[PDB]
Amino acid sequence: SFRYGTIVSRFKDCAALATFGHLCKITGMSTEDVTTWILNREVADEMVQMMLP
Amino acid sequence: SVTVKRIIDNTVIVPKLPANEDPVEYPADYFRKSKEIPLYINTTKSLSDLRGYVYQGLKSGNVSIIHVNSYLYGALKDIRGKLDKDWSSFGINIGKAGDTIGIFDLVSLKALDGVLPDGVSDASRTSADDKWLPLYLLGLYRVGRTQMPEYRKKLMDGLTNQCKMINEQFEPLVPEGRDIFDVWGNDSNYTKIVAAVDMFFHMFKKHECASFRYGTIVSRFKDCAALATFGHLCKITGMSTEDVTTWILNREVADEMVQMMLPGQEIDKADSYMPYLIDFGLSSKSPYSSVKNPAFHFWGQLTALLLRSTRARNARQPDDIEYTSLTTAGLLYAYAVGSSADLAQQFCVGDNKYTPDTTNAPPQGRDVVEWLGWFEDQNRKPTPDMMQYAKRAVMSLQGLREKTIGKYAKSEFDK
Amino acid sequence: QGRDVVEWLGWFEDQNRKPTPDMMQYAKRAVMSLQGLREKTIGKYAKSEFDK
RNA sequence: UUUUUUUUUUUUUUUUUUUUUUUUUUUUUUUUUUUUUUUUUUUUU
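Chains D, B and C are the protein sequences, given in the same order. When you number the first sequence by the entry's author numbering, it's gap-free, plus one each residue, and the end is 264. Per the entry's author numbering, the second sequence runs over residues 2 to 358, 365 to 422. When you number the third sequence by the entry's author numbering, it's gap-free, plus one each residue, and the end is 422.
Because the hints were derived from the structure by calculation, they are not lab data. Here a beta-carbon is modelled for each residue, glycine too, at the ideal position from N, C-alpha and C. Among these hints, one or two may not hold up.
As the list claims (entries may be wrong) - Label pairs and their calculated CB-CB ranges:
| no. | chain 1 | residue 1 | chain 2 | residue 2 | range |
| --- | --- | --- | --- | --- | --- |
| 1 | C | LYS414 | D | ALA229 | 21 to 27 Å |
| 2 | D | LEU234 | B | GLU383 | 46 to 52 Å |
| 3 | C | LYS410 | B | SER2 | 36 to 42 Å |
| 4 | C | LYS414 | B | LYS206 | 54 to 60 Å |
| 5 | D | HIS233 | C | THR411 | 19 to 25 Å |
| 6 | B | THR147 | D | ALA229 | 52 to 58 Å |
| 7 | C | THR411 | B | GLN260 | 51 to 57 Å |
| 8 | D | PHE231 | C | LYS414 | 23 to 29 Å |
| 9 | C | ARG399 | B | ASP256 | 28 to 34 Å |
Said to hold, decoys possible - 25 Å max Cα-Cα, derived BS3-like pairs, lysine-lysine:
| no. | chain 1 | residue 1 | chain 2 | residue 2 |
| --- | --- | --- | --- | --- |
| 10 | C | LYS417 | B | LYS236 |
| 11 | B | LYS236 | B | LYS223 |
| 12 | B | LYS270 | B | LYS293 |
| 13 | B | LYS422 | C | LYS417 |
| 14 | C | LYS417 | B | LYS398 |
| 15 | B | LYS97 | B | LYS78 |
| 16 | D | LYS223 | C | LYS417 |
| 17 | C | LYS417 | D | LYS236 |
Sequences are here, hints too, so could you generate the full structure?
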């Protein structure tokens, strides 16, 4: 129960990652199939940055 | 239907929903086990004292239900009522030729031994016993049934009925909302007293004390609304019980009808135990309720409405029935009766009219097969003419309540 | 004719996988004249989607 | 320097209750919030 309030530290300012998950569940597409619909240079860039191994 | 399979990987799934027993219980199938109906009149001590016990108790406070029961049995112990011909129901004999049977000529049996105040109360109250006090105690069962501001409009008609060569006043003061005298409804023995009062005076309509009936009337056919709606449909369509039966066009309405028309139930009998099946504790789940006839209730009451019933306006819309399928059925029936007027000459002066004298034109009369054939040829979809009939029927209905069939019907047909 | 999935899917095919204008009117009718409905319900969702 | 759901987790998710019911229906009645004595412009000479 100590989680209520301690929960907003989890993925704190990792919102971009969260919208990638969300975009998948809405389009219902695979993670890779969503990746292939990225059509702007600076959106590809950010994706590369977000996915570094 | 048995086997269903997931097509992606050829594996067998079995679809299943939770059980639902809670089955019906017929009047007849009860007297198969017991021959009597137990009336547990607890205390049988001092009848004059009880009159004061209930009077002072009702005058704001917690009057015991055990008390009033003991009172009512004492006050209504009039062995009046000259039996006209013969009285028998479900095998139990009650009357013969010229018998002088009273109102409690079904079982009495003594019970418990715990009483409240002890002995002689306040000798304050005169006779005026049987004259009005029993009417009131029975009259609170009528008022107790409801739960909307209609109470302070049905209790108003209680007080004005205790003046028939009487004229007194009132008793309690607290608003209802289920708290005061509403406890009594769930009393097996109290309800049994009310049901035996209604039954006695349904037979002895001419009797002086038959005024007790109004207040105890709401027990006759309690939880038998579906049966009432079937009668109403016959009256409003003008068709016979057989014809109406043939106009059932949904599988689950048919089932319900069959359930209701079980052969050995004495439902068409003049003076039977059947209408008091609930309050005499003969049944824990009426076969005849709206709850157990939801498809039939909706279908019957929707048609009734399209045909210009004023009752139906305010009927409850049930849950978990096929509204779409049911509604289009009801429409066909109403449209058919509303088109085909009966209209035949009845009287003459040696001068009669004889009836024998375009393509998508509706059938001549009110035969199901003719209309069924016509609906097929209409692509199994309701015509513009019948949709316009349904509109005209529902528009200009005013102030219809939430969750009624009237609200459903205006909303469906008058966009 | 009936209520069979294979059959209705084949008819949906014939309508290049997009809902018909009669279908849209059907759902329109089914949702218009729904009264006060609260936020984040499938009621609110359906009226927004089908009543415009 | 931030962060950028006036999002947030623990299950959950009819401002759903099942006890039976369900016309804010009771009709014993009886139903112009008609009534009789003419009369029948809130007409006058």
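Original post:
Which hint numbers doesn't this structure obey?
Top reply: 7, 10 and 16
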